[PDB]
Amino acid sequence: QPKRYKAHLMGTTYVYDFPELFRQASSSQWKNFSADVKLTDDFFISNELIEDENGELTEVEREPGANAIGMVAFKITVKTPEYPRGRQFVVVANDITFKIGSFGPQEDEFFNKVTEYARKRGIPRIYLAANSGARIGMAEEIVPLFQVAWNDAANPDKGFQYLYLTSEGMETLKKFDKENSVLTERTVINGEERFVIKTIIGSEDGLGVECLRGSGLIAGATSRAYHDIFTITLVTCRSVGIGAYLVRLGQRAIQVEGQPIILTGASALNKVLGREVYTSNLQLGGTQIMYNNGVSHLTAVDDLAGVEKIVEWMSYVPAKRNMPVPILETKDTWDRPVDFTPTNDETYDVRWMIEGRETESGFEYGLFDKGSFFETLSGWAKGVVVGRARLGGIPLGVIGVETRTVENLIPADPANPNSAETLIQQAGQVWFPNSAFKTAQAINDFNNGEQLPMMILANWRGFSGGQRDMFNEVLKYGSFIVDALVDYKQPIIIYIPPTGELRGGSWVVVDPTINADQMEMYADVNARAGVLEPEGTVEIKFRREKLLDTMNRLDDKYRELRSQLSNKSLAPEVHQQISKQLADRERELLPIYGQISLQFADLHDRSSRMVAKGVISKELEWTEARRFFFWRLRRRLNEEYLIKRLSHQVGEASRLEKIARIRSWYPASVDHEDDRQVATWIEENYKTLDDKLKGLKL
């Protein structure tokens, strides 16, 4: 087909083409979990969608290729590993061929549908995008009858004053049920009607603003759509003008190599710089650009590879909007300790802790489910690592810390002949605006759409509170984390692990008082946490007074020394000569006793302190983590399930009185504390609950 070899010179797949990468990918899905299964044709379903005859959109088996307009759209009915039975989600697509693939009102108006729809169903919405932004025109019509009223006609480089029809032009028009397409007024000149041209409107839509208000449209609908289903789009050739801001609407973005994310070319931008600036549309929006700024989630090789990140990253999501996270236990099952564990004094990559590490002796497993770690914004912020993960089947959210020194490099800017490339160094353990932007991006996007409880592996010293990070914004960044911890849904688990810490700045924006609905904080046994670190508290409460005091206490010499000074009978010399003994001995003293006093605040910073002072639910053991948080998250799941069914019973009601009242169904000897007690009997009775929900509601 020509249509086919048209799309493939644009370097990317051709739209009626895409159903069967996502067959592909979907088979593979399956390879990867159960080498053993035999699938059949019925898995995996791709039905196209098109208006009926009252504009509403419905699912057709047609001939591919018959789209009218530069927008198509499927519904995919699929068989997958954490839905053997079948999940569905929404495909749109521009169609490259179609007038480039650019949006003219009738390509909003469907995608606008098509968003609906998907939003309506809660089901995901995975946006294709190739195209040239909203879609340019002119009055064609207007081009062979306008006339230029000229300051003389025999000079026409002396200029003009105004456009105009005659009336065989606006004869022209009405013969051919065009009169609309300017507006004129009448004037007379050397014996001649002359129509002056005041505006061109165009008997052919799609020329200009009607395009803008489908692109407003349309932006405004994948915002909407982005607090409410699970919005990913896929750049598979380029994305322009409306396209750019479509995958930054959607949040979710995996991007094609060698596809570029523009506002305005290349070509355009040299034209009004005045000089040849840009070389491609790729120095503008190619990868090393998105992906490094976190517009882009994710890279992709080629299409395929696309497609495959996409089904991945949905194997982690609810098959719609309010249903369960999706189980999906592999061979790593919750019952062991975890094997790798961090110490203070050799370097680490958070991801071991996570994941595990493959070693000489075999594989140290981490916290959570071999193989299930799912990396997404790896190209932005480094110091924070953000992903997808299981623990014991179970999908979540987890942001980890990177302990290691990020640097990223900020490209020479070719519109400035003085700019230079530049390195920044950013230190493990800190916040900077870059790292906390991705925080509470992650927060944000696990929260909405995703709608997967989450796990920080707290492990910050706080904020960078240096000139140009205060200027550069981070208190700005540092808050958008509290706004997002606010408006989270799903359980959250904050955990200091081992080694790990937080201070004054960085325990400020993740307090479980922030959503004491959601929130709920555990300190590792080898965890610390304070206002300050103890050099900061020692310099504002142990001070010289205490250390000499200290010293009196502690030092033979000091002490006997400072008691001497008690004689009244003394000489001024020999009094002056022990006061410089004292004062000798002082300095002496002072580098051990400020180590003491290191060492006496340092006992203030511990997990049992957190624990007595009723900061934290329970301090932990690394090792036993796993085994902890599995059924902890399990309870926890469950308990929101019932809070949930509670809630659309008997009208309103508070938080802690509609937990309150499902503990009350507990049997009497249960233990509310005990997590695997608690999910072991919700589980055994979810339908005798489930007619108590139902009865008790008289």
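For the two forms, the rigid core is made up of the largest set of C-alpha atoms that agree within 1.5 Å on superposition. Positions refer to the first chain, counted from 1. Compared with the form deposited in another entry:
Following superposition on the rigid core between these two forms, the residue from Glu210, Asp487, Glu141, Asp555 with a C-alpha displacement of 2 angstroms or more is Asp555, and no other. In the core-superposed comparison between these two forms, the C-alpha atom of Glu346 has shifted by less than 2 angstroms. The two forms, fitted on the rigid core, differ between these two forms by less than 2 Å at the CA of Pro417. Once both forms are fitted on their core, a CA shift of 2 Å or more is seen for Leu589 between these two forms.
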Given for the second form:
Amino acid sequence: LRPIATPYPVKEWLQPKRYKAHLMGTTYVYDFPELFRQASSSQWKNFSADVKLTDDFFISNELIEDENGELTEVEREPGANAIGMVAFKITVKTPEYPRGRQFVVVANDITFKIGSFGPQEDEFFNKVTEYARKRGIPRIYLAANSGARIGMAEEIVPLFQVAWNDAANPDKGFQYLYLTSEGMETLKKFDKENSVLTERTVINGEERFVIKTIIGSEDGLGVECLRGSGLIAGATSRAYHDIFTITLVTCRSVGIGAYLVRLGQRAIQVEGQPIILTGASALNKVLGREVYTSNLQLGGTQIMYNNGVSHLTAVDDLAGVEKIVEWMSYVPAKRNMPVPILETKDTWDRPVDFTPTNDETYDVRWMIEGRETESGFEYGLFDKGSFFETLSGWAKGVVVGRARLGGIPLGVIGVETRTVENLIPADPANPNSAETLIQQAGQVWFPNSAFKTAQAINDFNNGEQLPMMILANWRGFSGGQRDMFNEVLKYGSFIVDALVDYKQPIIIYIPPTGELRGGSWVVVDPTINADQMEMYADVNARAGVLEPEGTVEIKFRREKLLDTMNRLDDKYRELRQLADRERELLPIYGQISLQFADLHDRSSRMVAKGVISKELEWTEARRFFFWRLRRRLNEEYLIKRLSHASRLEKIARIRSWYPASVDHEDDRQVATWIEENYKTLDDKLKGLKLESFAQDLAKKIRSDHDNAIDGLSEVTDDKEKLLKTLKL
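Given the form deposited in one PDB entry, corresponding form deposited in another entry:
Only a single chain is listed, so you will not see partners or other molecules.
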């Protein structure tokens, strides 16, 4: 016992595995449910400080496989795990789900064979993934491992003989490895003849069983571990398209461990915990130099957070768990459940305070979440304190995050107007290589920011199942040599793909001082996904194929300019010396042609051409979007229910059921009627599924009387109900 004389029992002595995990710089697996309890308790404190919590607000039940290999909930002592992979089913009452929400936590046990993935860990991880997938519930993975388990046939280590070239001089080499009749008998005695494949030969009157292949009796030595790695990689790839998936890198995550972090997409990396393939030491041996001093140079946060593999960083395990729980607060309790409304003190009915201006620099985040000013807080478009930024360490030209709009959660994409700079590190492996600083102009999509945008669209869509708002403000894609060579076209195309796949309402809004040009409009137009997309443009927004400077250079040339000077200038007209007057007028007429061009680029032309749904005023956008989104979600939910027929037919069907006094165009009135008539519309449609099922059998019976009656006859507690109905 160390230390002695502590006020309470030494938890690191009661379970020595807890100390082993601490020695490795991570939390003991069986202590992670407690960290979830703390983070969930903190959630309530930040939401409503006055709320009193009972210990039944949070429930953690370990999941283990029974005799049949089926997952079952158990209460047992920490550290009784016969495999290096553990799981817990968590049931929490949260501010967004006061009656409770569930999720699954899968985790490597770093104390069990250094958290290596053997066939049993892989098959358990897969079973847990499938369990969460069948239930539609989130899958949290706590990665603390050393990749696929490595082993050798230990029973062959004390038996194998060496066939020397010269037994007197071992440095002269060997020809093969073999077993003696004794070695073969040893294996037969222990039922391990199958551990090796041998070819019998006779050298100097003695039997030599030359070893042709070593198999081993123990499972988990090599390729079988690789098979299991492939299984769970495929399982995670699938899971991401199905349920909310997230990973916390709590200690190292190696090989398959690194691939799982990426395949689950959403990742939170604890500072100092690397995500690696081959380690630095091994890479030094292969390279034949001491190139790297740490694994952090390969997969630390300075690598994975900067390249977007890690969406967020955490100072420690609890901070990471807090970030998981916060990220989940925007996500439905389970697949296909409505987005979780969390109304705070910042309600919908207010103007937007912070407004950008054409001549002044701003941070988009002020437009999104508001800005703290000396005169007080200037509220933004979304709920105060609701912006949860992600992928914040990578491709800073685009700003992605979750936010709330009057309590409605959604994904948000905004454009960083300020110039962004990133440091490409100097690789110690190449001495010729030096560190490089790249500068990227604002309101231009580059390969990395185009990739980030597509990634964000995909991560809001899959698992999160969130609606989205893109505050579209791009001049286009970088058409320069470097960026074209660096495949900007491929990354831009991913955006279209991501939009085509989107299954929740999308709002494209060109904001005040914002613009969309030829190259950028193409990848965000609502005709890409007309079932879900809508575009709006602010009254102070701009859009055209080219910028005014370009549209004047091509369509308002010298001939037009001079014909204008003749129409509008007394001196020029009197004269038509003319070249001298032309020189005098060139600056101001240049401004006039630019204005003439700019007057085509307005939200009013956009409305007239039928390319946007409405032109909007920024200060009123919060009030407008709140009711538009509330309405759009309410209709979507009805469409999904009505799927139990084209969407175009379903929307025409739904919008017809509205009382005649309801103005279809009135979002608030439509959204209000749907929510008030929900229980009634739940009844009205179930009572028509039954009316159809009644007419279904009334067809089958009237066509095939005695044959259907015999079918009814063929098809305990259900029989009792059916008896009661006959009895009346």
